[PDB]
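Below you'll find the structure, written out as structure tokens, and then a few comments.
Part of the complex only, each chain left as placed.
Letters are used for the chains, namely A, B and C, taken in the order the chains are written, and counting of residues starts over at 1 for each.
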């Protein structure tokens, strides 16, 4: 597997990765639900560095998933991490590799200090494998997001540049 | 049935759908009658969340209808629902499922509190259908809209998030 | 029927321009003179959203453009509007005028909810006057030397119809 900076031609894969009416999606903190308004948001934030996205693809160049570093602050050197694996390539053991490739980019190139993420409390397997990757719970945000018709709690888990490098 | 977000390519469809039923059409509360005027109004409000529209295409991949949420207020958490099915694909039992899908999106994704709609009193079949989906009459607006050369009364019917979820 | 009325599009503008080349007339677009196609297209884009005037092109069964229907000087307080209809000489005399007039009135009285529709017809064209009379219009004025047409000040009949008469 290999990561690559997101291109305009990849936007359609993003729109198909998470189908509408199931997740209220944002692009640089701007709501979007169609491809045409997504394309305009991409053109508007093509140079904005507050959020960086990369598409992962295998040797056959079959797009497998997306990694998003959002809410990037270059003074506190923190960023929220998100990983979205394609349904067809899910369960093949790529989660750990993609997460480690994201942490590698964040701590060895961007020179960030902290990488936090929000994970649904109702997904313990993800929480456990994130802990195995090197994350630690720093918060149990109560009713943070209204998802699928319910206010859900989320575990905020972080990892520091020191741990990953050493 | 497939409920997708509206794209610029679908503008020519809804326009042809609007000319089959004589209506003084509004796009974000702006009158329009030509396709060029519609296209420019679409480009002007492409990022306006005051109204959300979704096209309806069947299994054959043919576009058959439109679902509109308008007058969306995110303080009071209310929205007006409207559904349109082409005459060819009416009477096939799609309206019920599409209404349920719209209510699902409004109450499980947008986290809206109320969904109201106007239905012509002279169309009693639609009134009963909406009643079967959970809507309840809250008003009998007298001579609200001038339709087909006569001021007609319309029943205002609402449904709440509590009843839908519970 | 055989005729369909469709809202005016930018692609149809040049057809409008050609009609005015066949019928020598000092043309206006939203009360602003125009004679070049560029001036027309810039005035079209300027008033794309202005509802003071509404224009519908007429296309036959074979999607051939045959005429224009203009509702100008629309007023939403007095609920009045001046109607005008043009037909290409090729498709003139084929019994379309009456159907298009009825369609225009139908749009004005069942959709826009207007109250009155008036028009001007030259006194020297009594056939048109009779046709409008057959469609329901009635003379309310004989404007003397109102316009300067083809080298002479000509009188015009101001004829009108009301929503009540058309719907009832």
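What we mean here is this: a contact is a pair of C-beta atoms (placed from the backbone, for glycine too) under 8 Å apart; a residue touches a chain by one contact, two chains touch by 3 or more.
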Per this structure file, total copies of the shared sequence (3 shown): 12
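Please note the rule applied: only the chains that are shown with their structure count from here on.
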Between chain A and chain B, centroid-to-centroid distance (C-alpha), Å: 34
Length of the line joining the C-alpha centres of chain A and chain C, rounded to whole Å: 60
Residues of chain A touching at least two other chains: none
Residue ranges of chain B touching chain A (in the complex, touch as defined): 3-8, 46-47, 49, 52, 101, 104-105, 107-111, 165
Chain B-touching residues of chain A, taken from the complex the two chains share: 20-24, 30-31, 33-37, 40-41, 146, 148-149
